[PDB]
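Taking the form deposited in one PDB entry, here's one chain by itself in structure tokens.
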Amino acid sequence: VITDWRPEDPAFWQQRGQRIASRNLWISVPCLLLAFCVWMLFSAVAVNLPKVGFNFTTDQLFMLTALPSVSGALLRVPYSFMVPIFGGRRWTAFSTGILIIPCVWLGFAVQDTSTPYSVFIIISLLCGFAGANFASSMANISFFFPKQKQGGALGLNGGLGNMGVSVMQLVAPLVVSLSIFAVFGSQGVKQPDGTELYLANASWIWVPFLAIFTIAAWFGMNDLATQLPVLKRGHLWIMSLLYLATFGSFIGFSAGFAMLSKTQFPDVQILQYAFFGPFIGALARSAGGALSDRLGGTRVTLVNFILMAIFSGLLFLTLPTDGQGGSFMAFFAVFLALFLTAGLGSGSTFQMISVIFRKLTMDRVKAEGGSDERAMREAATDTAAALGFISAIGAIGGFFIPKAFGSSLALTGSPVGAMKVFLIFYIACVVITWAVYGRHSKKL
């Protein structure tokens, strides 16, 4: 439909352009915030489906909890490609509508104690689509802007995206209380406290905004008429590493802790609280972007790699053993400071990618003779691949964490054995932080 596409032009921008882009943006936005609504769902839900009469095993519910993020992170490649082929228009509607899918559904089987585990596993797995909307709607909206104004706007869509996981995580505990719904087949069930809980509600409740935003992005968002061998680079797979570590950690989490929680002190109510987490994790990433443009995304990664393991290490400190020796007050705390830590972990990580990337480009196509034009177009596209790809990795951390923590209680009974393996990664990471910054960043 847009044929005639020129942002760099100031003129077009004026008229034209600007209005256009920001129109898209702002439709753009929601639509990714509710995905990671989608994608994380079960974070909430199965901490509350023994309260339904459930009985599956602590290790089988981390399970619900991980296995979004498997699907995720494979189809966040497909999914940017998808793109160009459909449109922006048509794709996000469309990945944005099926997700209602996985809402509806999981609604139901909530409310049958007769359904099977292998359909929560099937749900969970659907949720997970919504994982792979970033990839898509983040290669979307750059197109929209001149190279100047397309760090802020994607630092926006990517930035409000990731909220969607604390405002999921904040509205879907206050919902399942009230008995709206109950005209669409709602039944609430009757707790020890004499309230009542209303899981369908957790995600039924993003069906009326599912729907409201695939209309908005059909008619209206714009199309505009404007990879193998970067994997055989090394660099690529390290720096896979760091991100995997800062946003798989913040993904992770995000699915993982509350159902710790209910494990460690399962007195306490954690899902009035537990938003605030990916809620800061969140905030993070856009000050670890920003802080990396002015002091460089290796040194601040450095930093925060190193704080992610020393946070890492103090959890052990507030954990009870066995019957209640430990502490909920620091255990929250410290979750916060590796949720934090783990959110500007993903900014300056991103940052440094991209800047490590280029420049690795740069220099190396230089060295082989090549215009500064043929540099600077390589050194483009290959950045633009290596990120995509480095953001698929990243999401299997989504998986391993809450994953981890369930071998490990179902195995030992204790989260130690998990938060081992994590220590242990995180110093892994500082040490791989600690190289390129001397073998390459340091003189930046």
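Positions refer to the first chain, counted from 1. Superpose the two forms; the largest set of C-alphas matching within 1.5 Å is the rigid core. What changes on going to the form deposited in another entry:
Residue shifts between these two forms, rigid core superposed: of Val119, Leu197, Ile238, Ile306, the only C-alpha displaced by 2 Å or more belongs to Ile238. If you fit the rigid core between these two forms, you'll see the Cα of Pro146 move by 2 angstroms or more. Once both forms are fitted on their rigid core, the CA atom of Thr383 lies 2 Å or more apart between these two forms. When two forms of a protein are overlaid on their rigid core, residues whose CA moves 2 Å or more are considered shifted, and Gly370 is one of them between these two forms.
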The other form holds:
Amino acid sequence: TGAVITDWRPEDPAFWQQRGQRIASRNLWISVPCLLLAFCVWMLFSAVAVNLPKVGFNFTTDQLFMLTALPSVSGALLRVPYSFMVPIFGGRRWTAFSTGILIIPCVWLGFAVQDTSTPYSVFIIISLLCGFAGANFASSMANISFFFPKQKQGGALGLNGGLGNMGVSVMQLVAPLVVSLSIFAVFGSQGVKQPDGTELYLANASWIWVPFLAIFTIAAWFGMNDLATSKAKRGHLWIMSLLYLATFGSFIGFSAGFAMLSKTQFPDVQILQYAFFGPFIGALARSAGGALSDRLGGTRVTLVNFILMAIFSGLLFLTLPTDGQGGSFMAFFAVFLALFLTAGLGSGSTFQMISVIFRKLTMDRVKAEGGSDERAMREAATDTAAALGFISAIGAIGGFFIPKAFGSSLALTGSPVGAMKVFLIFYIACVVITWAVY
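Instead of the form deposited in one PDB entry shown above, give the structure for the form deposited in another entry, please.
Next comes a single chain, given without company.
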């Protein structure tokens, strides 16, 4: 029952009832909180950048948007490499490592926000380091696919990735709470007197994850396992890439720059009180998207969803001050909730299609070729790990594009309309292209 498992036989019904299920279950429920904490670290600047002017920093609006968009750059670049790391180092060893190193940017960001002389380029580095957390998805999903290789075990991936995405809302909920409280005075936390008369501890938004990162690094080390087992069309790979970019990329893109966008359009509103609700119902709808796609088919769900994305991205224009005249935060917030909801739905819907193409179809193609059940699970798991690594990497681009588009549109034109036009054309194009592959 040691950490390294040399006897792994999922092709044996007896092994699974005796050893297999209990092992795979233990790994999943340590993988989920580790992945959840990664999504907390990944999107940290979505909440931190908003509070940066409140503590003395004078970065431009575009600079603040850039800080929220950059972790999706290093995240996208590292997801394909991360997808190959579990077979090399083992699920347990890599999970402990990929979670443990996330302590460094968290500690650093806490000290950076307490010094107003901290260069913007330092925040750039920290922002890029937070992107390492975003790459944890590809490794975490790859790991689960090996622990749950059987045909009926499809869903352990959706659960791991679904609960992982919850980390965005968790962080956007926890961060505004802890910054009002003084809890790390022992470690050198300094408060900044707000115009409200209250105190603001921006370091807490980052330092709060350090103990939890430490705990589940130890938990992954003593609780997870290393599978000592062998782990050996492109047209579909690009369609899924485009689909996952339009859906998940929208989800993670809106999650990164919503609070910043809301702050530029409605300065009076403390958006961090409600911002977490967006990614929350988005990650929640992700689970509904998979079952909906399985029932109604990937084509019908993707088509209708993209229609709604275009419509809701179109309604977003009506909720904006034009210029300094009118506008409705309530409508602005509600429409974005509709955009978060439809992005998460399509995210889970697209993900369900990925597993159908690269896991189930693969596992059944080898069987039809007379292949064993062991080889069936193996190829399906590795092909899924490799595909999802590529697909999620392309999908992460939206996490950079959307906030950067807003910042560029606001700087060049003094309005977010320019970025929203591009989004609308994109969604309309997605409707057309999805209708092309039909």
